[PDB]
Amino acid sequence: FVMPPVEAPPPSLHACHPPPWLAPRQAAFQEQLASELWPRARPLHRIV
Amino acid sequence: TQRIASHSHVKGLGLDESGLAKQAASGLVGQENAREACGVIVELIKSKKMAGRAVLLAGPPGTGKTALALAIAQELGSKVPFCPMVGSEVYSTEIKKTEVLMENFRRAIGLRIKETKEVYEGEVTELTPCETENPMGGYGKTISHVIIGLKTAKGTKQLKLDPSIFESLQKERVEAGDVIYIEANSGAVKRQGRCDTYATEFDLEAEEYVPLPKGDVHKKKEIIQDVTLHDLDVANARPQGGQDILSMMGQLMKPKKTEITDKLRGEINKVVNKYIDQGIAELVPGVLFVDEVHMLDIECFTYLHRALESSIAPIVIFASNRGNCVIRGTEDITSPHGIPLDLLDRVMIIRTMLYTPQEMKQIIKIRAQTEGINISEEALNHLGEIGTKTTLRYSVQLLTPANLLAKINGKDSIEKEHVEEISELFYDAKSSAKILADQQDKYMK
Amino acid sequence: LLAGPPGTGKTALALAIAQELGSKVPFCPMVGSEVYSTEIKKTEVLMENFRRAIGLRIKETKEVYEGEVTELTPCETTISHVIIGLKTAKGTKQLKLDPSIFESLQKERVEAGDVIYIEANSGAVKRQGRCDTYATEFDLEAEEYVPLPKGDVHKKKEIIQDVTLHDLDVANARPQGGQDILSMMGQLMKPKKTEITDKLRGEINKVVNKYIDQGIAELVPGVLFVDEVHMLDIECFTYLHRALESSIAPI
Amino acid sequence: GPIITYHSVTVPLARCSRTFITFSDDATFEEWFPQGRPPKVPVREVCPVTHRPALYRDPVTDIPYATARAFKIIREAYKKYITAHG
Amino acid sequence: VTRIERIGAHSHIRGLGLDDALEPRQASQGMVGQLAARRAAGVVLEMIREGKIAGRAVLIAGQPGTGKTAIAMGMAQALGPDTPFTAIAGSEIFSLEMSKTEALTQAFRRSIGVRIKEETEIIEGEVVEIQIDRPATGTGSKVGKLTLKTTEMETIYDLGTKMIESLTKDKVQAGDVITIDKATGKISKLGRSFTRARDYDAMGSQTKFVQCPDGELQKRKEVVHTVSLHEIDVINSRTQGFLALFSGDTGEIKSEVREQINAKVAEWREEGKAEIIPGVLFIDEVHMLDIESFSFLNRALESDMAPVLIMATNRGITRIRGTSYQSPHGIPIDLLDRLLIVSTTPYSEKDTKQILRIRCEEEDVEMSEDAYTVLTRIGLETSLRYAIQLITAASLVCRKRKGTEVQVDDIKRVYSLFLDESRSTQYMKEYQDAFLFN
Amino acid sequence: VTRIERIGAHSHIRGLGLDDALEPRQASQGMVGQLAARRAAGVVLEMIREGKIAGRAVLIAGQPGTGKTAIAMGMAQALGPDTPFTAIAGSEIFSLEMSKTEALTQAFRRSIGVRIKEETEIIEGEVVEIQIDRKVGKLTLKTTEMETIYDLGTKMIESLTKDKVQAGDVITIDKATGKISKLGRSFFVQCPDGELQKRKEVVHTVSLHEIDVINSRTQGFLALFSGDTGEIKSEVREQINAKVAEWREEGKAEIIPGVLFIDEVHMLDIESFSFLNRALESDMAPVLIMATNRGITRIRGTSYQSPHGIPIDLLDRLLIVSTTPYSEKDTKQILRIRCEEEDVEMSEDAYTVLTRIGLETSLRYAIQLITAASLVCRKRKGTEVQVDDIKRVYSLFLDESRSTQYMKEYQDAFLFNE
Amino acid sequence: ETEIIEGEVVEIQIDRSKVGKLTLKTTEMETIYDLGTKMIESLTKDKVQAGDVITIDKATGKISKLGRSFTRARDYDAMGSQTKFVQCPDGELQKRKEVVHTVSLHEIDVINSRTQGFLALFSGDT
Amino acid sequence: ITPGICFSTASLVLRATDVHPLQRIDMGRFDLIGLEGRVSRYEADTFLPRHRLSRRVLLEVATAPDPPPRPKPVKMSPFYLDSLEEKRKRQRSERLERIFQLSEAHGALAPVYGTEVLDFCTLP
Ligand SMILES: Nc1ncnc2c1ncn2[C@@H]1O[C@H](COP(=O)(O)OP(=O)(O)O)[C@@H](O)[C@H]1O
Ligand SMILES: Nc1ncnc2c1ncn2[C@@H]1O[C@H](COP(=O)(O)OP(=O)(O)O)[C@@H](O)[C@H]1O
Ligand SMILES: Nc1ncnc2c1ncn2[C@@H]1O[C@H](COP(=O)(O)OP(=O)(O)O)[C@@H](O)[C@H]1O
Ligand SMILES: Nc1ncnc2c1ncn2[C@@H]1O[C@H](COP(=O)(O)OP(=O)(O)O)[C@@H](O)[C@H]1O
Ligand SMILES: [Mg+2]
Ligand SMILES: [Mg+2]
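Residue numbers (the authors' numbering), protein chains in the order written: chain A, 1978 to 2025; chain B, 12 to 456; chain C, 67 to 143, 153 to 326; chain D, 209 to 221, 259 to 331; chain E, 16 to 453; chain F, 16 to 149, 157 to 209, 224 to 454; chain G, 134 to 149, 156 to 265; chain H, 917 to 992, 1882 to 1929.
Same shape as in the complex, but just chain A:
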């Protein structure tokens, strides 16, 4: 039953003119990791 008092998304790094390849690379990495690992995290659904 224990819930954290506060819940926040991770801090985000913002630059006016970032390298245009960093964000797509991170997005692709996250997409692949989620597609490979989210099905494996389903048993922990009730705890979360």
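Hints are computed from structural coordinates only; laboratory data are not their basis.
Among the hints, a few may not be true.
Stated by the list, open to error - To give an idea of the chain H side of the interface with chain D (calculated C-beta under 7 Å), a few residues: (1) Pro987; (2) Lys991; (3) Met992.
For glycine and all other residues, C-beta sits at the position ideal for the given N, C-alpha and C.
Use these hints to put chains B, C, D, E, F, G and H with the ligands onto chain A, whose structure you have.
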């Protein structure tokens, strides 16, 4: 196994059927009283009705303490677990000292599991449903069995199985000419490939084609598996084989020993008791041998009181060559074997004495026999005289250099001259200490 | 050893030695109290600095195809090759790419009008924005618009880069890339210094010797300066006894 | 609709459990139980040149062979056949 | 066959051996003598059973071999499995994974049990006939029917898709005695009322049958769930905490998590959902704790979630670990003020003989009266533990010579074979130079 | 309303109180007396602001309660937020996450900043209509002076879809990144007035530590908030130093040297001091300011005695500023300043009594009694603190001397007396 | 000692991916192979195509790509980091591979310590 | 629920570690750990020493005409410019030299252990 170690000649305790110790038997010479006491301890271990009993082997260095413990292990056999351990091993960078000690305690308690695995092997020749002349419900076809024909090298048998296996057969994609095995204890069909007789030299599959099974279609055997309580504890604390994210994390992350909880150990104990009551398993309480116990600190010694008082603990054998030394972890507290007096009250002390020159000569001869070395009588007497001074370990360590020197000289036996030359080439502790004292200015620190 | 009272110029003398050698010779300055790391043992720190002091000079010609993409056509037999069209201020060039670069081009999301560069030796693709000639194709897009490259599409440069043995050691301590799940999850793990094995050190030494014999590498032994060496403890000094006796160590 | 009925009953031999599977239509029964005949053992082909057991199969001529010399002879024969028949 | 639990040091202790008035019998339930200490332990046990006062500390102090651990084990056996009893050594709190205060907090919270009692509807019966109709191909709605039977009932149930899936996964057949929980749909097979058809092959050897359940089909049964505060803390600390219940590896649990759990458990207690079952933490050899641990103990006993703390020490005026201060029992005076001390006096000759008799009875060893006299003399001269060890040593020596009763000769033989601390120290003094460091 | 920043110990310090010639005033900007220390601190401030000399180290040494930390706080206030001022205690460098040398390296690099100016296009307005069709889209934005319709690209459409934007919302868009932040709704924030699309000059001052951490690994900037930096490799730091030198030479960036303040530096050990001896010799080293009240004392980690608990080799690199005890006039002026800070009214007799109490016992004890006496006065419905309130709080709260006397009276009842 | 198949890939035909054929050649030989499900999956995973010089282990079926043959149409201007051109192997398509190497006990321990334990032989994080 | 922290930094900071390809050497010539699980002892020791390409073979294949089409299975100059062509043949020579140099570079390293050794030593 082929290499000769320091205790390669110890094949057990040379005890008569009445427990009296023979002067020289099973590779052991002398130490008759200690050997008799160790035989009594062996009977205690075999009785399997005592827990947490501790024995301390006390005596000067090179008096057979480790040799006696290894003789006990030889007497027990490979069936009985024997977990050797030095006191320095409790100092780990991953787990606490008490956890190391508890894990070593659980390693000594063994469990022997006996089960019968009954399987049906064969190449599927026939796959025929057994329809019923009166279909239930009036329409369609109803089946009451599925006949599976299994063919092996020396037979062929037909099995009238439950209709429910039709789903397993389809899931495994079992067809005629495939090699499958069915387990009686589970009622499941497993397809172990296709028969190799239907494979051509132009095929490229690797794990698809399997040889036709030899032997009978119905194979049953008794499986004896030996496990320890620590094996079950570790396999349950960091499980391997799951497909969830936690198992993936375990595979990814570096393995690390963890502090296994009393909850998991109690669950393992309950499962072990259930297996014992069912007749599946037989408990095999063994021995934990802790050499150089004096290297344990005061925390380890204190924990050993509770560890030994337990009803699940094995029989622990300690060994210490220290005198009135200072207990580690304490400031200027001296105890007779480096062991606090509280733990000495919980142990039975076996005393090992020094060796007479005759016993030293016998041990040297035995070691020469073990190392495949022929030594003359005069060389043996000179080496025994060398062993009267210096030590016994020094004399037994001159055998292989002297044998090599003889072989270089072109002789098949060690003569006295070879031992003299080796004694000149290599120094013992006392001679080196004399040199160091005579030249203490030229040495460092 | 530079021994003398404080303020007498030992550090200045070491820095003067470094100035006399020049920036081409590896001068690794370390303080004796820097060996007390919380990630690796002290001897590992000492050996890492020892390898830092030894330098390797590598002469290599690099080739990069750079320009705005005017055409991106994979040629089917699977894909036999990729024909790309790159534009610069000095003209247009048509290139035949190894089919393995198509995966990199698709990952980088390379379309016509994007300014990219392709490494000839590795097939690496970096999409460094859209061409500014297309900046007016929409009134509001979240795009980085980049000028058209000025020189030729094909750029050749002969370079001399200095690396140290520690750089080659740390490059082979952990794998890079990898599309497997274990490899991807390893990118999330916190980077920790590790006690690099002597097997890896020797293998890297063999590779370095191979390239020296080939003639594309040059060795610069270099200097490691340890200041406040009295902050080393007895274990560090004992390890230095062995390390200085190596045939691979620096001054 | 087309269904598969799984049925478990208690019937006297004092009682025993039996299971039955009922297929609504013969198509499902044929699909789950094709009653396939046992497969046939392939003929162990032999190289026409060296008479050793065949290990390879030239794709152009479909002639099995077991030696590089046999392959060269087979390809020479095929070239001669092309020259003659055209 | 030998179970995992064998004859240990305190296997003969089945309880404190007190009457209704907490008056110790001379010899009952394994305990012999220690009348005052056993009476005090009984009063403390009554205090534990009442479970109203939090953070009470008792110190069992005495000379080695005076029965401190025997009294603690008797208290544990008299409490019973319903009340938690966490027995640890003082050395166990020194851990590389967590702080000493965290280890002590976890030990404290392992000694308090939270019990949830709720009533659920339960169907228990013998499966007569199960029928499941499923589409031949493609996704569809499975339809089924189940018949359940008791000695006095038989009902036919129309089954839903999820109950159909549960029955299919459990592979429920006719004659299986199954239990169904209506809410969660969990199905537990507990036996077979009769055998399967004989004509089938690859079925295995049929086990014994189970009698069909009687009474009504859908009963109402009381379900009790009991966990400790530590288990709640661990499963609430992180998503992977439930695995930490077995692997340890809990790290340091946040104080926020523990405060939230204390609040939720108090709310449950007020609302009648859960009852708190306070237990005991027994720290053997508490003198291994340092000053920081003792300082934590001082204030951790002031919580209403604290259990009864029982310590054992055989130290006199000794240096406190981590300091240079001499204190009674190796314990700071601030902690000694928060606890009642139970002293154990040494045993007499008759108490020693009775303890030896109880040990022989526990070990199934038969001994003569002369052997008992000699063994009691040896125990008075050397120690009680040495004589206890000689009991089974002499049993083995007697069994070797094909005997039935342990005689004085066997005791003398084991006395010669196995040495005590005194004779070993004498022989080591005789060869002091041969031993390494003095 | 009560904000996070309440009245602290140095809340009244607003600067060093110096004129253009660095001549201290008797009472200015919350500072009283200590003319020599304040003048030396002003000279050090001029050195910091000049930014030419690297690795200069200054020690502020003096008895407890002599304005050492006050001098440091005034130095921090006189510098603006532009110049980095890293303030740590000596105990903070002892970590389980990294070594002491790594902790001091991070402390040094946190004190040097890199100021980078860049231009961005910012679109701020009120959303009128948003249309997206299966991709193409239109967006209509308005200010109080102009209205416009935009033809959207795929990436901006995705950005506007991810962050739910509907008509009436007041949003700002960074054109190059699609960074949309909703700052309210209008029909609550007033709609922007001027031009919809503005070219803005954004200036960031980034510390060397921030550059190293951001470039240490992918998503490495997260370690700037959760520790977890580990021990950053020296290769990354050398590469960053080289790139920062390249930027400075090319005009892309300016270096802003700052100040690292280590209060209670006597907590550092010999290893940390040996590291500081050579870390100050780099061209990227900031100005180091330390404070200690130790006399000739054992250096931590050794058995050697040194004048400040600091080894003599490091002391040879320091300029020492000595703080002198306060007089009756300075003590009374400090008490007046603290009373003004806490909004407490005292009588002149109360000021005299409190000054005598502070001189006899301690300035911090007297400052503490100000709030207690004010509370006692407010309890009895009074408005101005009297001598009776001061005597009441004097009796209620003891100082170190009277507490030690009472403890010595019953020393047997206390625990572990030497 | 291990039996391998070694040749240059000429054609890969897969019908529909249940069954297909693979043609391999040497400078002195050429043959066609019938593929199964796992062989087809392994070939598709490694993206084996024409002109690739590969070896296949007969016992385990694992496929490692040695290189690709050079033709007039493979005159690439940019090459990937792993592509390299090799000559077509000579001799017979079926070959025996003998590998002799010396490893220590510690290396075998590290390899079997974890799933990818051989990585610890470089990092030292054993 | 709180909004995340938006940490803003200079765009130049994100390019601090970036080095242009024309300014850095190829580190794949020292990549030993990348060969593990991909490169075998056979390739490094037996195959490549025998079947490495040579410049002569590469030039012969490039200059030679296209091979004849594989047989089907049987069941049994006014606008000519000299400068442009000279440029084109120089480009072809450079391309062939690059192919050769890259093929030699990409198979120069031998694994420390190799797939066979790891497979042999890897127990179930
Ligand atoms: N009674 C004995 N009979 C035969 N070999 C012995 C005997 N005592 C010692 N040894 C041998 O002499 C060597 C000395 O080791 P050991 O006696 O075990 O030293 P310690 O008792 O100090 O551990 C070993 O090789 C041991 O096997
Ligand atoms: N001989 C010298 N000539 C010029 N400058 C010197 C000389 N010796 C020392 N210095 C300067 O004086 C300071 C102290 O010298 P340093 O090398 O730090 O002494 P240490 O031997 O203690 O390291 C430095 O700023 C250094 O540049
Ligand atoms: N009063 C008693 N009744 C029964 N057994 C006892 C008694 N006192 C001690 N024992 C037994 O003698 C041994 C020593 O007592 P123990 O409680 O371990 O001493 P300690 O006070 O040092 O813990 C144990 O085996 C214990 O079971
Ligand atoms: N010259 C001064 N001007 C104003 N306030 C001062 C002065 N000196 C000390 N204080 C104040 O007295 C208190 C004591 O702190 P401080 O004297 O800085 O301690 P220390 O110098 O021992 O670190 C603080 O509230 C501080 O602001
Ligand atoms: Mg006890
Ligand atoms: Mg201060």
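Hint-by-hint comparison with the structure:
1. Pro987: Given a least distance of 5 Å, the restraint on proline 987 (chain H) holds.
2. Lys991: holds (5 Å)
3. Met992: holds (5 Å)
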